[PDB]
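Number of protein chains: 2
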Amino acid sequence: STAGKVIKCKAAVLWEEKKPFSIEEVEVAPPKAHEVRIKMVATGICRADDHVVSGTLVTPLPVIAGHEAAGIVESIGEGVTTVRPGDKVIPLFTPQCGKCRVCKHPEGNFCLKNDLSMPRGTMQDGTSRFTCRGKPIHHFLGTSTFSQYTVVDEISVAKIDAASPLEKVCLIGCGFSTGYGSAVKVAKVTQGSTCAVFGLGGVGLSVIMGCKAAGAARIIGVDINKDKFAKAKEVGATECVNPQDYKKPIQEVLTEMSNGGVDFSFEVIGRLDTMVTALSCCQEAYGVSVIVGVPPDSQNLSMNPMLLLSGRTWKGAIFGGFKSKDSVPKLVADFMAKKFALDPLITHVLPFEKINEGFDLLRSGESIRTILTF
Amino acid sequence: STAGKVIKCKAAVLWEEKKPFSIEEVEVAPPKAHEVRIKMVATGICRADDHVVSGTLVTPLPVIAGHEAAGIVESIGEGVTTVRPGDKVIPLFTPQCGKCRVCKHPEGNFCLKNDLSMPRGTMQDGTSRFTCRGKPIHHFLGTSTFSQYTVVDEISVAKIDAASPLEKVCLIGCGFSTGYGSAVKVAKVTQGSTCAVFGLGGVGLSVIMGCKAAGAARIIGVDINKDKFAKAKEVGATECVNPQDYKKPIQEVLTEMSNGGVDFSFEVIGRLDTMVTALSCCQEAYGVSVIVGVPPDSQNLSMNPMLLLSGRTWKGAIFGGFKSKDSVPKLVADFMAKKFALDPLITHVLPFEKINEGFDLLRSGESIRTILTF
Ligand SMILES: NC(=O)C1=CN([C@@H]2O[C@H](COP(=O)(O)OP(=O)(O)OC[C@H]3O[C@@H](n4cnc5c(N)ncnc54)[C@H](O)[C@@H]3O)[C@@H](O)[C@H]2O)C=CC1
Ligand SMILES: NC(=O)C1=CN([C@@H]2O[C@H](COP(=O)(O)OP(=O)(O)OC[C@H]3O[C@@H](n4cnc5c(N)ncnc54)[C@H](O)[C@@H]3O)[C@@H](O)[C@H]2O)C=CC1
Ligand SMILES: O=CNC1CCCCC1
Ligand SMILES: O=CNC1CCCCC1
Ligand SMILES: [Zn+2]
Ligand SMILES: [Zn+2]
Ligand SMILES: [Zn+2]
Ligand SMILES: [Zn+2]
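Those sequence lines, one after another, are chains S and V.
Residue numbers for the first sequence, in UniProt numbering: 2 to 375.
Residue numbers for the second sequence, in UniProt numbering: 2 to 375.
Treat the hints as calculated values from the structure; they're not laboratory data.
Please note that a few of the clues may not be correct.
Note that identical chains are pooled: a pair holds if it fits in a single copy or bridges any two copies.
[What the hints assert, rightly or not] Below, in silico cross-link-like pairs of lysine to any residue (SDA-like), each with a Cα-Cα straight-line distance of 20 Å or less:
no., residue 1, residue 2
1, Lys316, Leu273
2, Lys213, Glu168
3, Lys213, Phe360
4, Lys189, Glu108
5, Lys114, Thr256
The task is simple: from the sequences and hints, build the whole structure.
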């Protein structure tokens, strides 16, 4: 009784940067060709959403943000073949068109049809499906999950197992998969290795989980919020260090702790100084440093290229290096086979209409992931 | 009639930067325990030698430079077990102690006994075996091959096949092996890939050889000296471009030619701007960029970390990543098996007394490698 109709729902609308989300009435157009309209079930509060509010990440405004979520398909567009109404799905902020050079490449997963390099904030067709107060609203990374109903392109949605728990697997839409894959797929952490993880948020804890499952012997967590240390050790960190506790830059301390440098370091914060510090603290002849955190907009860092000439490898990745549409259903199956845990990451559960409050939990440091439920 | 005696011979002493080499008479102390004294037969002129003369690379002065070379063992010290008097050898500007954390690592080659991170300009015991005009002279990278005789620590010398032509395998002491390994061992160039090589000197041409040996489909050479293009195509380049011919930045031209970025790029010059350019011109989701050139001393570059977050890999290496003492004798055997060619790299052959004109052949852009014979 909704298929082909404009839907009546409510969504968290951002009107200007640095302002709270305005819960308002929105009009969600029905799906066009190769498009999917999804009833939302559960969505996470990711730091990347906050970067939109802070201006750290620049996308066209006004927008409905949100990108870490899982729901039920409400209706399908002309030509849709991968999902039907009633399937559980997870929208993909990194699409997998399957037709570009990156999708055919064995390693790449940053599909060229992505809306992240030059943000337009539209569907693949360049228009918007969202109307609030009669004005057109931008999409976010082709997902826009801060809504009871959203519409996504087919290449930005993955059908997942019909028995999966939606309040937990929504993190496979971003936080967990990014951190987990950064360790096991991007850095490719080895057995018996020593790792250093900068940032103990949701992504950073997932990096720790991946390092441990990869068989690392030492995992050093680094965070200026010592309240994060308990859960970091819970998921696998062997030690935690607070840079504010030392009179030396943390890279010397880490280099001394690791008897000459760690095998793998991860920057999971999004600051220029910690990216160079993370690179410096891995072993100069064979260390690998992976940038996961997002720096603010337009920022050049400074580094001495002698740090690389000695033998270091420096790399980054989106979404833990996973080809999104292929990997997400597999990761959900893995979760159901209890191959990894997601509950350590969920620190509270709130109803969706209280999106704004749950955000201040993130920026005040009490939370890892808050799950907004619908 | 020399074993155990001070030898008095010719040496090219460099007393200060930006001035010619002073060909003179020096006193070469006999080897102490675990040291080897070598009669030099052939030495190549590497750009890294020129960097000490220009101050680009700072090592203690006065010095006997040279590090790309081959000779015959004159005598060995007490305890030497790997070489004997009469052996053909190549001194290793990167040692292989075999005992440090890096030597034990499967992938690393930058042995912690190197004299490159913190140059002392001495033997491993901290003293010098060179005396010239009253003064003790500094060693260079534990090799100092611009001398009739040098003394090197055992961990810095490799025994090679006795049927080797020293006038041509000396390039395995640096130039060839550095470029070749940067492609086949560090980048791991794949078959059918497109590569970009910045800098078409001896090291850069060896990168091209490695890319071709690795089965690259396109190899784009980049040099502002268009006289380098012929010999580059000879050893495998499919295309060459001169940045001075373009109005738009060369990485734009290269991304352009490669339909979105190359698979592998190599900086083999030693300039900060070209290292950033080489990185930018590889494909943003899965490109790999390798720094081979040495920048001027203590200089930072500036770059946008978003270039890595999309999926690029940025790394460097000393000596093409080869474990020196293990690889040099095996590379010589490969040359002896005609598995690779060194002739393309040798453009001039001069006697050691004309060291200064061979340096001027390099600085004028006329030569690739000049081989000095004693
Ligand atoms: N590459 C990708 O695909 C993705 C990147 N990200 C980015 O990774 C970062 C983390 O995401 P979340 O875990 O959700 O964020 P978070 O904000 O929850 O955790 C970040 C941690 O960094 C700590 N921190 C802040 N400044 C620090 C400093 N100077 N030194 C040490 N620790 C410091 C904080 O105490 C905090 O605990 C963000 O930049 C996010 O935008 C997030 C998802 C996907
Ligand atoms: N990483 C390692 O283990 C080693 C590093 N090196 C360094 O590699 C670099 C190259 O070594 P060589 O081939 O022997 O030097 P080279 O001087 O023989 O070749 C350098 C090439 O760079 C070209 N060039 C200079 N400026 C350029 C620019 N803006 N754009 C494009 N091309 C430019 C020059 O025309 C020249 O052909 C040097 O920095 C050398 O010190 C050398 C041996 C080992
Ligand atoms: O967190 C989800 N997506 C992020 C990925 C890194 C760049 C900013 C957007
Ligand atoms: O060319 C030989 N050795 C070089 C290696 C890179 C640092 C400077 C010295
Ligand atoms: Zn996210
Ligand atoms: Zn694609
Ligand atoms: Zn050299
Ligand atoms: Zn060693």
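Do the hints match the structure? See the list:
Within a single copy, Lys316 and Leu273 get their C-alpha atoms as close as 14 Å, and across copies as close as 19 Å, so both meet the 20 Å cut-off. Taking the shortest Cα distances, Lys213 and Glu168 never come within 20 Å of each other, neither inside one copy (24 Å) nor across copies (52 Å). In this assembly of identical chains, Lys213 and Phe360 lie within 20 Å of each other by CA distance neither inside one copy nor across copies; the values are 29 Å within and 53 Å between. Both within a single protomer and between protomers do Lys189 and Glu108 lie at most 20 Å apart by alpha-carbon distance, with minima of 12 Å and 14 Å respectively.
For a Cα distance limit of 20 Å, the shortest separation of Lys114 from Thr256 across copies, 18 Å, qualifies, whereas the shortest one inside one copy, 40 Å, does not.
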